[PDB]
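Only one chain is shown below, in structure tokens, and it's the form deposited without its partner chain.
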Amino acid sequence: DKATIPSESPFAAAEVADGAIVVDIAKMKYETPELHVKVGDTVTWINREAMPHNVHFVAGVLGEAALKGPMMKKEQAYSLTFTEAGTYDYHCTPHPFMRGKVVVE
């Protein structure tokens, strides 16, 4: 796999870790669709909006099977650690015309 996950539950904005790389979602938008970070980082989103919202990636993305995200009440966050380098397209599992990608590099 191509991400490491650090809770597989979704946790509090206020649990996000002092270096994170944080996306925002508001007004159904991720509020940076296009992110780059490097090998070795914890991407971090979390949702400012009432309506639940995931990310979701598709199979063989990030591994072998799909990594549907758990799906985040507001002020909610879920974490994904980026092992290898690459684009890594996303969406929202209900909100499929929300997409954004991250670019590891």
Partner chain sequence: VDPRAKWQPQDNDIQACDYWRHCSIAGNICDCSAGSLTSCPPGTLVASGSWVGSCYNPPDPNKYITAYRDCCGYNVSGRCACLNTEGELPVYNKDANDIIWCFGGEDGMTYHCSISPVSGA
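Positions refer to the first chain, counted from 1. What we label the rigid core is the largest C-alpha set whose atoms superpose within 1.5 Å from one form to the other. What changes on going to the form deposited with its partner chain bound:
- Remark: with the core as the superposition reference, the CA shift of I21 between these two forms stays below 2 Å.
- Once both forms are fitted on their rigid core, the CA atom of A85 lies less than 2 Å apart between these two forms.
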Given for the second form:
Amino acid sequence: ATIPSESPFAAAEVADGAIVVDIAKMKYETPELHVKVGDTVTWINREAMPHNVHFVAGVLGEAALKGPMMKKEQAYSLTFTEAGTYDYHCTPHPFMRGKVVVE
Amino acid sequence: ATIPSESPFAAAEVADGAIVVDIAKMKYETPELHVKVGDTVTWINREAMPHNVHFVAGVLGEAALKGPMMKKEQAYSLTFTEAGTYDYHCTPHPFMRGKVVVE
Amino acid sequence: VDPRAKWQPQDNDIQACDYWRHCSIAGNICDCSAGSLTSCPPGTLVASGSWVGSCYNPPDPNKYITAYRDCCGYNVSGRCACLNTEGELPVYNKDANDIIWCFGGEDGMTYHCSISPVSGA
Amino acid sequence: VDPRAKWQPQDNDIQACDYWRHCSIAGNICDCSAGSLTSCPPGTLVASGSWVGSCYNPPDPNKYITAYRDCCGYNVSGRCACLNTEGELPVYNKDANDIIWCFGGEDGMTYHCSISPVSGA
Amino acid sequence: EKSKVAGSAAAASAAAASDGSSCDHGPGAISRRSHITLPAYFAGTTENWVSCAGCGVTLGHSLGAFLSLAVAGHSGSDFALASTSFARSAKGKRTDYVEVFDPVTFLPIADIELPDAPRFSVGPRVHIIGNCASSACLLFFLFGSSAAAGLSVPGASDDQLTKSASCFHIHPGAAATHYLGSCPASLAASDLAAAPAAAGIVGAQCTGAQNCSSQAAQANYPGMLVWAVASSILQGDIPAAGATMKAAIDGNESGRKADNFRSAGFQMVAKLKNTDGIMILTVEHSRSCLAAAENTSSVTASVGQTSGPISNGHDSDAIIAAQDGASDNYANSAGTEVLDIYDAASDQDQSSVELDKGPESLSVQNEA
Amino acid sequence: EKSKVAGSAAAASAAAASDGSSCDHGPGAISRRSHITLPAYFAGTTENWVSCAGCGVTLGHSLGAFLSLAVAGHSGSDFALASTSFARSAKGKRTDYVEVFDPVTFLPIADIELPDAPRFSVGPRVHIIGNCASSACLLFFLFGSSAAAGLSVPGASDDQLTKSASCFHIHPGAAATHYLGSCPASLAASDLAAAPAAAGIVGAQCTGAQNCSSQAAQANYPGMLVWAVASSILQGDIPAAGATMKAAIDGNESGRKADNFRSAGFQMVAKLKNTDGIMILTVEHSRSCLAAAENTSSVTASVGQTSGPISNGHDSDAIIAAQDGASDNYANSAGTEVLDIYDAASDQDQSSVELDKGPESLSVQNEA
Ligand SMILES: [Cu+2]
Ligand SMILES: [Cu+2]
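For comparison with the form deposited without its partner chain, kindly provide the form deposited with its partner chain bound.
Shown next: the complete complex, the earlier chain at its head.
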């Protein structure tokens, strides 16, 4: 697909730079959030309930990154190239949804 | 479809003119039989087990006349227009089969 | 009771597997899913095909030729299931009841039901 | 025994419904159709979606969060049939067991199986 | 068994009569008619039983697929199904479609496909899929991907996927208006009219502590939605113009509550419209919310008083009622695959065996 | 029940381990593996069970459609299925197809369509559909329209409709030659090689009065066909060069036949090639051919002698045996939906419950 990059999948350390769609109260905290291109935001299960971050599938290229899950903190980071506004959701509960604006 | 004519369906009297084939031992009597275009052919159930006369369906026009049914006597007549050789069969036992040649 | 005992005809039930006419059914009784002893249930298709069995009528003491036609274009009803074999004969045809006689319909070849019409002596 | 009595968990069968990790399954157990307690049978597809249940372990007496994932792309196994409801909650989501949790596979939305992996405490 | 009236057969046989086989037809839509859907334990293929009360006769059947949702037109004009099929059934290319049957012939008069396999695969509940008042549209719930209500027009075509909030059932108030009610944020009114979708939220009934069952009863004819909790009854009057809440009533007589009584498993509630009676399956439960009940209490919907008793004599999972002058209570046991029919004034009359697999839904037409 | 070894997990938990879910894989084709197919009483859908004898564990399952024919390559390289589906399953467009699975993963490795819905729907019998000895082909029988033998090539393609005489089974003698034997004109040799179809007929074994059971036993490895009658055994040895008749032997010991002893219903016969034993289902019958039978007599194929006893303890409909050094006798009960596994020298070992509906066929691979 296209837009954008992969990296890793569940483990859990930040680093220096923040950047993190997060989780709890079932709902990517600071859900609607903006960020600049060429990036990589970290999602991480803070919950007592696993989750994933699945966009849709007409947005972010072909395919449609699913992303996985796995409490235990666990982390999944995804970086970006092109501009626009992305809309993702947690599969097991299509409800908590989030929307990112790449400016 | 085309080739050829209908007429009736189960009842059982000849007439003057012969033209017929009838049951007996899972097999149309005098099976391979020739006739001129326009000759009638009366099938007559002579059995203690009903039958029909169903060609196939690429032969006789579109569709494919399936012949109905009949026990003790009952009959079906089929009249004909174009020349060629027609193959028919008893459905419940695709086995007794026969062929007509309209010359 | 006792599956290996000679079939014993009755002429009082019809939804029962020991009904005189059912002497060689394989499947299910139509009466039990909206049909009738000799008619098909709605939305289902009547075959032209069938298979015969000579059945003994208890009341009038005579045997009749039963033409077991299927009601097709539906999945098995699941109801009054029966398997009778008075005079069945092997797959080398026509007295044989494992075959789904369904030739006639819409294109209906699926077994839903078997009817028990008396077609002669 | 007695359908309306408080769930009584055990830790020795796994094929049985009173098994500790199964406190909120709806479906069938995988081990009964060639899977294993936390693995899917062959030719089947594992979902991402799941539904949680806080099940109590009788040996070490603490509850654990079981993530009931379905294996899909097959028809119901018809094997070890179970329905448990420890803390289920209505369709107004996720603790909810009537839903066929099959999101992830080939396109497998068809229910075959229910897996019972421990996901956290 | 009294279809030992194949004495009519012996009869015909003696008069030297016929046996001219044919495809017959159903008697025609009426109030005593009952539909029984077999979800079958989540099997890829399923069956619908059409039965006649009084007679206790199976009048016909219908074929369906994976977790279909049955609907029946009140005026007795159509019956229908939302369904799902796969090429190589259980796998391959999925197809979501709406089929529409003639109540007499049982033949499909229409077969409408849903575009992106949108249906929502779940154990079925009356109300997650609904016909609107005029019968010209079928409303269906989308969960996966996005929460949504699809709109199909029977004039034969899919219409539009109406976007909604985190909301569940569909209880239509009008041609263009439905209560995509029960949300977390209690009660939604969507008006799909003209061009758009409005969506206006009700004054939150019930608290997060009170749990609403997955199966509420609802009378389309007169906007009566009655929704029992894992214990007792919330009622709302639905019209065009918003919903209006009525005082809550407790189905169980207080002492019963400590003594362990609570509602059952499956289609627990039923409501007779000509009267204002609520039927409720109950028994001595626990967290056994989905299990079978041996009893049924009748209540006056206006005056929450118990009018009735009811020891069913069997382990029943689902109930309903004939919407007519002197009503029958239908009692469905999924385990024994038999439908027990009683007089809504106690006594069991008829019985309907072998509705095989694991039958669960009852639907009746509310006929004049 | 011992799979009560989930004391394996108790162990893992204590050890602080994982629970990392994945799709697993079948143990790998072998001699003790047994396939149980379920025609399920004529249902549109069906199932096939893969079990491990010894363990008694199911290793997998396969889904199929209406009245499918099961096949297993002897080398244990593939297992297959001839099948039929309909859009709107039970009605609509029909599709016949060949399906071939990897024996380890259970994934379809091929899906080949049959041209004009030619299958022949019947309660299944091993041998009315078969693999040729090289396992490059799958022969299947057409009944309606015209008697025919369909040639499918796993190089993935329908090959040709081989027109044949009024004839039924298919016992493959060679890569290009098969005995679509059993006819009323007893036994045809079919050679489909090079361009055409040969069709040569044998010297009529059996008389009009001898009824050959619908379920004959055959060893593809060594062209041994054993065909019981509604009473006793006609044996034939076939190679690419004509069949060769053996002298008849009666399974039932004269007194027994007097005393009403007779053949069961379904997969009544079996033959172990490592030895030259024929197993056969009998009990005291009548015209009740298709009924269950409670016993099995063991006989020597070479010398009609009864080496064996065998009281099953259950109402069994079909049997087969592990084609290995020390064979297990498989006893399938359709009524109880269970497979009773036994020592081919009497004792009952295993049992495998819930192979749901009406399981009827056992198939095994003959492998070194
Ligand atoms: Cu989530
Ligand atoms: Cu004939």
